[PDB]
Amino acid sequence: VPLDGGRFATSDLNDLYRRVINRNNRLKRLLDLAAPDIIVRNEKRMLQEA
Amino acid sequence: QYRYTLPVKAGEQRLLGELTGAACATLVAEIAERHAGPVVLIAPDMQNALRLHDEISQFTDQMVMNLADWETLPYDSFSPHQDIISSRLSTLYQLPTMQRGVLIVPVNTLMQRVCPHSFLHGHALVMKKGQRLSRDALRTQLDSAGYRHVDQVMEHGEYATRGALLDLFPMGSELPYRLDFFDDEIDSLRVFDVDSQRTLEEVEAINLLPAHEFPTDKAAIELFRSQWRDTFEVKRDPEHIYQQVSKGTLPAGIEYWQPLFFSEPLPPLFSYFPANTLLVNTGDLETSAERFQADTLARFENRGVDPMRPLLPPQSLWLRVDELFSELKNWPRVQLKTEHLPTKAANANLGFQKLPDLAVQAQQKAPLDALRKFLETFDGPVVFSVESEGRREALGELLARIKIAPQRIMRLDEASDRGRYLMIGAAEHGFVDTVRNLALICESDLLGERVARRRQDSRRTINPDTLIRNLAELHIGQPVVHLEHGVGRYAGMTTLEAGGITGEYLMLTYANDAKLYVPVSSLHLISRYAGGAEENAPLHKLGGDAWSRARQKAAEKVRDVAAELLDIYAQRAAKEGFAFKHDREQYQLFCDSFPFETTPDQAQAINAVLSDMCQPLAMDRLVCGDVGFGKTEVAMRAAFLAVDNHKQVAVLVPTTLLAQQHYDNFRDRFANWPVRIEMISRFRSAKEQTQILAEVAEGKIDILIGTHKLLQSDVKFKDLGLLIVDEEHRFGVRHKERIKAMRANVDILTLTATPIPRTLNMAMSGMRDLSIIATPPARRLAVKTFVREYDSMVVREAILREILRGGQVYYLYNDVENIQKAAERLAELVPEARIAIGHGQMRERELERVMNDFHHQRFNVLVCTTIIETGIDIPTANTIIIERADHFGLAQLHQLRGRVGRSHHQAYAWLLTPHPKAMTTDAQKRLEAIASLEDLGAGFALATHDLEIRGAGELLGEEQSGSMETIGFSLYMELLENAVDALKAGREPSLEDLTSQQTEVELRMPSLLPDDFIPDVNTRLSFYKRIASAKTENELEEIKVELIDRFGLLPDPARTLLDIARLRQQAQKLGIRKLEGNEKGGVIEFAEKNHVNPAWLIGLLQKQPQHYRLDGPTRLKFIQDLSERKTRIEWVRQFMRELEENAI
Ligand SMILES: Nc1ncnc2c1ncn2[C@@H]1O[C@H](COP(=O)(O)OP(=O)(O)O)[C@@H](O)[C@H]1O
Ligand SMILES: [Mg+2]
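Protein sequence lines correspond, in order, to chains A and B.
Per this note's numbering, the first sequence starts with residue 9, numbered consecutively.
Per this note's numbering, the second sequence starts with residue 237, numbered consecutively.
Honestly, the hints are just simulated from the structure, not real lab data.
Please note that a few of the clues may not be correct.
EDC-like, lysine to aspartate or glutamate: derived pairs with alpha carbons at most 20 Å apart [what the hints assert, rightly or not]:
id	chain 1	residue 1	chain 2	residue 2
1	A	52	B	1164
2	B	936	B	914
3	A	52	B	1027
4	B	936	B	950
5	A	36	B	1184
6	B	1153	B	1164
7	A	52	B	437
8	B	364	B	437
9	B	1353	B	1164
10	B	793	B	1184
11	B	811	B	437
12	B	609	B	593
13	B	1161	A	57
14	A	36	B	1005
15	B	777	B	819
16	B	1362	B	1315
17	B	923	B	934
18	A	52	B	1171
19	B	811	B	1228
20	B	811	B	593
21	B	811	B	1005
Starting from the given sequences, assemble the full structure and let the hints guide the process.
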């Protein structure tokens, strides 16, 4: 919803879902790249945290 | 015949004096060459010892080695990187019996106690051809020794066992061996390389030394626990090293628990000396050993706390200096003193006096004045002793200036009665030997003194009728000029404080009553007003608008890029790529010419590059990965593949130094392959670059490495086929696109270490192919880092850690004004250092002077700004200390963290930060980002974490790494495919290609279609195409009215674009190849078969030379203060409209 000043309300669920989608897309690309284990390990850790 | 007598007795001395630098080397050289018995030279400090390890080789062919010190302080907290140990104890095996040769030991490792011969002799063994020794029996023997079983043996202490075939790397030797055990017996002793993996040759017998300097097995661990529970106490903790070795694992600082593992007092290694052994001393041991013991005791009492890891008493692990100077009296000693000892027996003062100052300077007309005078008046032999053979050329032409060509002799004894001789080594200070009248004139004897001076006393003509003679009788209020600030009103005497002192000063009230005081001592900075207007003088403001003038802003997108990069990518996607051919054995030959073997990660990257490079698609590939991982050989193989098709590879690197490195690397690799390669940058003269460009245009050059001199609209490749950008960061956007604009289907290949977030994101979205690389080829030991609040003692201990190891320190201050102060501040903190400065604003000759001093270890600590980001990496530099890790790019931090190492020496990288509340939040995030992900292969992870910190910049524009809310990926792909369709449809030429048809109409003004006026970019690009393609004015205003119809009235940039094209039309008609107008004027350049009237140009020049000046037949520099671009347009339009009548 907008705050009448050209912006929109935060709607925290959108922020959490945005974090999850960002992290999941990053992990998907890193799996498509056959990336080394430490970086994909860190990304899976941060996905789980998200 | 000799000059002195060798001493052989219990504790007698032989005192040799009058010696000066780089003569101790030749004395001990003749000592080695004249004496039967090993010579152990005991240097006053390891630093000096390292220097001596060079010079002795220069003067003798006799065998030399050092005893490797653990590179940590007493009671430090680091394992010595067991590689070092592999050298160390190896000498301890041969030290029992070595008849000749020299061993150089500093006092530090001289006084350390060492493991007894019981352990080393017992746990050593021999393997011969004919032992009936079983396979797993020998494996268990290796286990009891304490080696490590890995299948990929590369470094020391490593073994593999696979069925019948066994291999191991003994800690004493230098090469591994393969065994091939059959019927439970040795059958082969085959040396196979760490890189070839194939048997070089077959020996019959070889020796094996144990794991490291103390035993490790379970009986020894039980002995260790027994002796700990005897002396110290125990506390249950998984970090307490008692229980931590009860778990079996050896801690970091365990080597300082030497005597506990051994059940007997440790020998002081003098037993390790042979019976008939002579010692030579340099400097004064009585001071250096005592200072080291005092440092050890101070560091012990500092660390003799923290009962979690308590410590030993030094009176067992280290010798005491009284014990040292008693135990010395069982070995004869020769003391080399740099001082005139008066007289006694066993004491001879050898005349080895100083050379006179042969200083070379170009300020005098004759540079080699002192040299040419000294050598001719000299009566004996002179030797020059150049460091490197290339530097020998630096000899040859300089001695050609007085026409001197010397002889090349190996040994110093090859000097004759009189002459000029040269040789190779590392000595640094020549001398004159009075006994044989020898002269040695080293490299640094002609380049002696470093100079630092800029300018002084410009307008100091203190006798002008306006200086007022500093009479101090001036009435208050009379205006006064101060040379640094300006004109104001004097306002009398005043009394102030400046931090606890009183002072009297001169009040000067400048404009807006900003008071200024200067002391009465510096009255010579004051003059009376010289304009004669003491009742009419103006009033300046102090210092001027330093930051107030910075409120300007704007300069509206001088030229938009969102309608250019889309065009470039459209040209890329529309045309297909080029087809390459790879031939298996042909390219395999180039694989064989590489004298190494690739990692699996390198194999993956090479497979990807070769596969996508052979295909008819356009490569766009990152080879991201940490520094020192072998990325260059990838692009090197790719360049070979391209040049096999003769397709003119172009490497592009962001500095002349990297350009030089890639130039000589590619030339040395392709020395056997028939190909031409060169570098191009500012170091190439214009007289040479004009040749290089023509050679490239005809296509005689297959590889052109160079810096941004490429993207200067002047190179014209006959057929470009492969761009190789190296170090992608520090190339902004449009630097990587000025080259792509020339040929649409170039196979990009972009190496880096840490990509900028825009290119990392646009790799992460499938637009750019990516190929991460890890697993460095050699075992490559990582660089420990630390994050500390800045502390004057942690910096001091780090600096002495690196100095007493024997290596340089990169102090990174990142400032030019205060670095001069920081030099003496660091010198006061660390007296034991040899500190000097180097920064980018030096005169660029002193800078390379300091660098070439730094390669030769003439001074340890280099306080320096981020010029070392490029790096000229040496072997000894092995500790970088960032003074302010608060504000730095994360990519920069990683890159400087990679600048150290490149050796077997374990490096360090401190990152000193300010108070944790003082640093910004982004500074915090950068600091845990660099602190946490510390391992091998952290190059990619750091850039991945840099993304989402700064955010990927706008995809279709310039300005990488920005958090802007611009167009998304979905819209960008839509725009690209729409551009592909509209391009492939009707015959529509490229934008930049018709820039070939364009004339240079630069005016330094906003001339474009603004994005507010036209939101969509593809219609904007279509209007660019239709504007620039149109050839008549009626077509131009047709487009103008069509803009009126679709989007209404024109902004000023749009109408300037239209009348610029209007100018372009009859500019091409008149042959005007180039014209530039600006605020103050400009220059107009026409063709040669042009219509410029000679009579009319003569009329203009002779009627207005101040506003028209031909410099050449066609280059007309006009000087006209066109303040408004409106006036600019009117002047140029009316000028060329008057020209078209004179057009004949
Ligand atoms: N198989 C190998 N064996 C030994 N050294 C290697 C091997 N591969 C690469 N190297 C070394 O690694 C370095 C390669 O670094 P390079 O790719 O030139 O730049 P960067 O340091 O950015 O990776 C070279 O100095 C080379 O000697
Ligand atoms: Mg490189």
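Do the hints match the structure? See the list:
Proximity of residue 52 (chain A) to residue 1164 (chain B) is assessed by CA-CA distance (about 19 Å); at most 20 Å being required, the pair is judged to hold. Among the hinted pairs, residue 936 (chain B) with residue 914 (chain B) is consistent with the structure: their alpha-carbon atoms are about 11 Å apart, no more than 20 Å. Note on residue 52 (chain A) and residue 1027 (chain B): the hinted pairing is violated, with a Cα-Cα distance of about 38 Å set against a maximum of 20 Å. Note on residue 936 (chain B) and residue 950 (chain B): the hinted pairing holds, with a Cα-Cα distance of about 17 Å set against a maximum of 20 Å.
Note on residue 36 (chain A) and residue 1184 (chain B): the hinted pairing holds, with a Cα-Cα distance of about 17 Å set against a maximum of 20 Å. Between residue 1153 (chain B) and residue 1164 (chain B) the CA atoms are separated by roughly 14 Å; this keeps the pair inside 20 Å, and the hint holds. At roughly 50 Å between alpha-carbon atoms, residue 52 (chain A) and residue 437 (chain B) are farther apart than 20 Å, so this suggested pair is violated. Of the pairs offered as hints, the one joining residue 364 (chain B) and residue 437 (chain B) holds, with about 15 Å between alpha carbons and a cut-off of 20 Å not exceeded.
In summary, the hint linking residue 1353 (chain B) to residue 1164 (chain B) is not supported, as the alpha carbons are separated by about 57 Å, beyond the 20 Å threshold. Between residue 793 (chain B) and residue 1184 (chain B) the alpha-carbon distance is near 26 Å, which puts this suggested pair outside the 20 Å criterion. Under the criterion of a C-alpha separation no larger than 20 Å, the hint pairing residue 811 (chain B) with residue 437 (chain B) is inconsistent with the structure, at around 56 Å. Annotation: proposed proximity of residue 609 (chain B) to residue 593 (chain B) holds, straight-line Cα distance about 11 Å (limit 20 Å).
Taking the CA atoms of residue 1161 (chain B) and residue 57 (chain A), the gap is near 18 Å; set against the 20 Å cutoff, the hint holds. For the hint pairing residue 36 (chain A) with residue 1005 (chain B), the CA-to-CA distance comes to about 15 Å; that is within 20 Å, so the pair holds. The hinted pair formed by residue 777 (chain B) and residue 819 (chain B) fails the criterion: a straight-line CA distance of about 74 Å is larger than 20 Å. For a cut-off of 20 Å, the pair hint linking residue 1362 (chain B) to residue 1315 (chain B) stands: about 11 Å separates their Cα positions.
About 18 Å separates the Cα atoms of residue 923 (chain B) and residue 934 (chain B), which keeps this hinted pair within 20 Å; it holds. Among the hinted pairs, residue 52 (chain A) with residue 1171 (chain B) is consistent with the structure: their alpha-carbon atoms are about 18 Å apart, no more than 20 Å. Note on residue 811 (chain B) and residue 1228 (chain B): the hinted pairing holds, with a Cα-Cα distance of about 15 Å set against a maximum of 20 Å. Straight-line distance between C-alpha atoms of residue 811 (chain B) and residue 593 (chain B) comes to about 69 Å, which puts the hinted pair past the 20 Å bound.
Proximity of residue 811 (chain B) to residue 1005 (chain B) is assessed by CA-CA distance (about 18 Å); at most 20 Å being required, the pair is judged to hold.
The structure fails to meet hints 3, 7, 9, 10, 11, 15 and 20 from the earlier list, while all remaining hints are met.
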